[PDB]
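J.: Mind docking chain B on chain A? Use the hints.
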Amino acid sequence: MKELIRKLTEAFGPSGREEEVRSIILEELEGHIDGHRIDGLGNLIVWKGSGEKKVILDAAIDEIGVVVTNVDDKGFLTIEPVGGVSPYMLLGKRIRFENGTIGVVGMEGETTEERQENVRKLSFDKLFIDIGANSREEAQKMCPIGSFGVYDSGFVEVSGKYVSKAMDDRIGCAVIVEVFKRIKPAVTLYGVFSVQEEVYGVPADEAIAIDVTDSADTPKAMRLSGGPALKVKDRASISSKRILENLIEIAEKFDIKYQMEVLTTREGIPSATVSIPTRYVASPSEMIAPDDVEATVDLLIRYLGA
Amino acid sequence: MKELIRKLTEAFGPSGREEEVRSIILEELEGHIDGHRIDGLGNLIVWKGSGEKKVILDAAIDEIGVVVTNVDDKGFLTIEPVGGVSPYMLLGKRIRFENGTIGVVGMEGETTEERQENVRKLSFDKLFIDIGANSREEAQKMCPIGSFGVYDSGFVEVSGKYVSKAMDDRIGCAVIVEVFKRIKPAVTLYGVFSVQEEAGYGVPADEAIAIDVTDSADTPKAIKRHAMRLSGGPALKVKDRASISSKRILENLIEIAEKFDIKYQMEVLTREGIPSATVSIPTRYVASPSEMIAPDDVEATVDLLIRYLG
Numbered sequence: 001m002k003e004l005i006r007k008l009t010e011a012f013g014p015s016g017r018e019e020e021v022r023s024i025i026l027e028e029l030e031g032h033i034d035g036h037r038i039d040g041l042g043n044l045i046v047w048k049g050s051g052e053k054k055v056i057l058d059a060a061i062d063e064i065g066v067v068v069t070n071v072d073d074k075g076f077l078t079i080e081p082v083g084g085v086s087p088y089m090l091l092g093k094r095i096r097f098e099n100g101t102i103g104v105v106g107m108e109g110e111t112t113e114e115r116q117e118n119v120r121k122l123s124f125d126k127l128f129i130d131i132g133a134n135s136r137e138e139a140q141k142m143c144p145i146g147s148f149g150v151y152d153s154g155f156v157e158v159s160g161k162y163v164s165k166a167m168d169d170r171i172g173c174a175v176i177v178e179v180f181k182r183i184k185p186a187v188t189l190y191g192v193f194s195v196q197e198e199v209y210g211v212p213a214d215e216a217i218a219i220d221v222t223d224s225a226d227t228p229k235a236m237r238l239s240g241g242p243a244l245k246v247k248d249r250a251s252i253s254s255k256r257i258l259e260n261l262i263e264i265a266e267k268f269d270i271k272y273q274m275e276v277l278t290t291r292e293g294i295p296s297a298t299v300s301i302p303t304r305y306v307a308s309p310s311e312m313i314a315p316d317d318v319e320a321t322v323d324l325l326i327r328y329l330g331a
Numbered sequence: 001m002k003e004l005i006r007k008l009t010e011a012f013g014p015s016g017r018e019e020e021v022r023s024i025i026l027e028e029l030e031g032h033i034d035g036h037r038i039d040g041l042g043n044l045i046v047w048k049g050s051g052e053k054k055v056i057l058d059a060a061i062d063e064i065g066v067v068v069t070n071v072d073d074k075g076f077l078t079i080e081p082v083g084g085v086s087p088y089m090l091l092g093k094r095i096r097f098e099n100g101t102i103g104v105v106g107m108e109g110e111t112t113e114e115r116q117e118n119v120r121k122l123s124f125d126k127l128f129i130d131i132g133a134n135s136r137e138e139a140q141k142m143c144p145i146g147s148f149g150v151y152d153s154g155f156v157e158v159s160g161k162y163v164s165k166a167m168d169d170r171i172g173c174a175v176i177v178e179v180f181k182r183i184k185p186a187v188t189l190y191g192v193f194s195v196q197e198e207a208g209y210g211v212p213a214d215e216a217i218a219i220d221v222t223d224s225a226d227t228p229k230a231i232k233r234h235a236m237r238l239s240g241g242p243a244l245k246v247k248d249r250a251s252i253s254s255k256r257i258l259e260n261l262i263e264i265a266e267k268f269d270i271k272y273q274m275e276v277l278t291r292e293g294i295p296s297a298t299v300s301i302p303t304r305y306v307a308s309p310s311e312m313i314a315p316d317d318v319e320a321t322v323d324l325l326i327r328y329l330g
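Order-wise, the sequence lines are chains A and B. All letters in the first sequence, in the order written, are residues 1 to 199, 209 to 229, 235 to 278, 290 to 331 by the authors' numbering. All letters in the second sequence, in the order written, are residues 1 to 198, 207 to 278, 291 to 330 by the authors' numbering.
Any given hint could be a false lead.
Result set (PhoX-like, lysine-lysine): computed pairs, CA atoms no more than 20 Å apart in a straight line [unchecked claim]:
#, chain 1, residue 1, chain 2, residue 2
1, A, 53, B, 141
2, B, 247, A, 184
3, B, 232, A, 141
Here chain B is said to cover these stretches of chain A; the calculated rule only asks that three of the stretch's residues, wherever they fall, bring their Cβ under 8 Å from a Cβ of chain B [unchecked claim]:
#, stretch
4, 27-38
5, 210-219
Residues of chain A clear of chain B, computed beta-carbon distances all greater than 10 Å [claimed, not checked]:
#, residue
6, 4
7, 19
8, 54
9, 89
10, 239
Worth flagging that the hints you see were computed from the coordinates, not collected in a lab. We put the beta carbon where it would ideally sit given N, CA and C, even for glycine.
Same shape as in the complex, but just chain A:
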């Protein structure tokens, strides 16, 4: 499942250019599905099994990044955030583009006091990125305007933890993939991979969102290795609540460690939301515990079949 964690977390998938991610999900799932289709707006719909119950397992394809807005005289890039990324996780951080070009990030500091003052009020109009080109003529071909970029950091295992970029949400995509690769369906199971936008082709009876939640384990609560984070919604149908209680009895039934969050898009069909605790969200080094993710897989395997 860890080959999978790399192949997905390392897959280049910013908004609108996620084709590789969909690929690895497909060739990864090839041999364990009945069908799929890419919907008008870019979401991918997988279905497996013959069942009266139709369940949707949603997971966000996309990962945070930056977009170019201005190419410079000497060939430097102006950028702006896509997804919830802070200009602080980018200082000294190197960036990939879809063609493969690597760029480096720096600050528009002039003096020695400006480099200590641009930060306490740092926006993206004070950053820049080097590609290696010295001209705008040599820089526009390397990267047009509207080019996206992502973290260059890859997947590393730190003493049993899985640290990589974009554990949000391809720990969830990876979990769904693994479920399809190990489950024998007792239901008609769709797995939908979503394009979030402006910050359902199939009709089902129950939707289940696989997302991540920030871990409060940071010094000074959702904890690693404590289980999947089950989200209770302050306002939901009797049917969403029954989804929740069903997953609860099944978790208490098979001695499955699990957590429960309450934090202050829903299909109209009854939906629930389960998250994996992930530290350092919106950083190149988001940390998950694999026992949590195989615990989540095990739970879904149990509730949705054998």
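T.: Below, chain B alone, put in the same frame as chain A:
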């Protein structure tokens, strides 16, 4: 070429289920190819010749269809479209599936009132498909949920013109295949048949050409300046941001077309990693069970490519 266009347009190939169209294409080009391959996504790629210049041609193997999203109790199938299918081109039509199955679409509402209204502001929420199924189980065994079907209408000739379902882009497939069958390749030819998805095909190529369908506005009550028309020749499209290389390929195709009296017709519109040009065959009633092309546009097209590449 009537036999080829027949096989291609009548082949069943909806969003991934193209083993029939691929098998027909390889079946067709056998004895003329120097190799082929199916990538991890299903794209069929062939190559012939070993010239210095590398030229690629590409045309989509896919056709519009329907996907079944639900099966009710009586055996009727609720559908959502695959591709750009008008709900109207379906009403009264029969639907063709892979395992030997045929269905018939129907509209909800029994009274004259709700039918007459539902046809106004129609959609697939208000449709279904009967298989002759009386049980939901035998429907699930005949047509599982997630099953794709294409138009059941087939190929026929009308006073010299060719009509069939899925001319886009099986007619481009026919152009490529005939080109490969009647070629003495001077360049290194790669043929690419597009699956599913609208930045390379794993083939480095000097230049690339697309064989596409274009809407012919020669129909009545259509009055556009510089309209596409049947038997006007292959339509050579002009792009807005066309690079020097794309304009070079395009200009070369114009040169051949006029040098050998090959009829052709430009097409004016309302990044670019490879030199590319876009040629199109004019076609009538795209997205209908009965798309129509003129054969001499296809012959002039294959002549254009064969003389530009051999």
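J.: Indicate, hint by hint, whether the structure satisfies it.
T.: Hint-by-hint comparison with the structure:
The straight-line distance between the Cα atoms of residue 53 of chain A and residue 141 of chain B is roughly 17 Å, inside the 20 Å bound, and the hint therefore holds. Between residue 247 of chain B and residue 184 of chain A, the direct Cα distance comes to roughly 50 Å. Violation of the 20 Å bound is thereby established for this hinted pair. Simply put, residue 232 of chain B and residue 141 of chain A have alpha-carbon atoms about 37 Å apart, too far for the 20 Å limit, and the pair is violated. Residues of the stretch 27-38 of chain A lying with their CB closer than 8 Å to a CB of chain B number 7, which satisfies the three-residue condition for coverage.
For a cut-off of 8 Å, the count of residues in the stretch 210-219 of chain A with a CB near a CB of chain B stands at 3, and the three-residue condition holds. Under the 10 Å C-beta cut-off, the non-interface status given to residue 4 of chain A relative to chain B holds; the minimum distance is some 16 Å. Not every beta carbon of chain B lies more than 10 Å from that of residue 19 of chain A, the smallest distance being close to 7 Å; the non-interface claim is violated. Once the 10 Å rule is applied to beta carbons, residue 54 of chain A is inconsistent with being away from chain B; the minimum gap is 8 Å.
The claim that residue 89 of chain A lies off the interface holds: its Cβ sits roughly 28 Å from the closest Cβ of chain B, which is beyond the 10 Å cut-off. Distance check for residue 239 of chain A against chain B: the nearest CB is about 36 Å away, which clears 10 Å, and the non-interface claim stands.
The earlier numbered hints that this structure contradicts are 2, 3, 7, 8.
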